[PDB]
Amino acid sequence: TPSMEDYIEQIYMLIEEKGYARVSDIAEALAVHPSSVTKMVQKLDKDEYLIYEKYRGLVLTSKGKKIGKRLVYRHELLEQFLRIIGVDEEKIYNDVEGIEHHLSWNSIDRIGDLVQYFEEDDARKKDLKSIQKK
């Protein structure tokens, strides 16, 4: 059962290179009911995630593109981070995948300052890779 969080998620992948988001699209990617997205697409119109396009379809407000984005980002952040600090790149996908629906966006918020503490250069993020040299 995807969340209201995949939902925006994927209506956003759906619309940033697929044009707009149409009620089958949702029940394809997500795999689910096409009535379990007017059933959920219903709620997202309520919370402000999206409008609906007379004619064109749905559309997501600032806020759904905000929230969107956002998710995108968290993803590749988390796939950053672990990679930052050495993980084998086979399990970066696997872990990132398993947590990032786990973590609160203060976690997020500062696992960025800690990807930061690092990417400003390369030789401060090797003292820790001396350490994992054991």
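Numbering follows the first chain given and starts at 1. What changes on going to the form deposited in another entry:
Comparing the rigid parts between the two forms, the hinge falls at 70 out of the candidates 30, 92, 39, 70.
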Given for the second form:
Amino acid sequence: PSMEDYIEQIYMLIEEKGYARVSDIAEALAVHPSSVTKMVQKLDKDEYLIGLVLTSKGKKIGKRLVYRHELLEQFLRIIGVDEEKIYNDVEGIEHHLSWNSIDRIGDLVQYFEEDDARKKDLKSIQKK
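May I ask for the structure of the form deposited in another entry now, the form deposited in one PDB entry having been displayed?
All you get below is the one chain by itself.
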């Protein structure tokens, strides 16, 4: 329920529907609409947003958070984590990693994405 969680979901709802309803934010984050209203005011005072609209500041952060999430899902998928486990692991770790780690994981994903033989060799290890 951090500021980052809220901005992440808000950004996504705007990308999905064109707007972010309080009730949609509430559902997405499994919190009561009261909590949502509280966070909105803080987000507004810290100028992440102004229905509700993200400032360029909020947009940059939202875009980054969605990037981080997708990257980390891709990372765990590539290394062979059971698909069903991936979402909860990503949600758990995404806010705790330094940009340095995100970027190195980014490079690692790129490393596997550029020659399928590498993915096959990784798979071979798991077999042992």
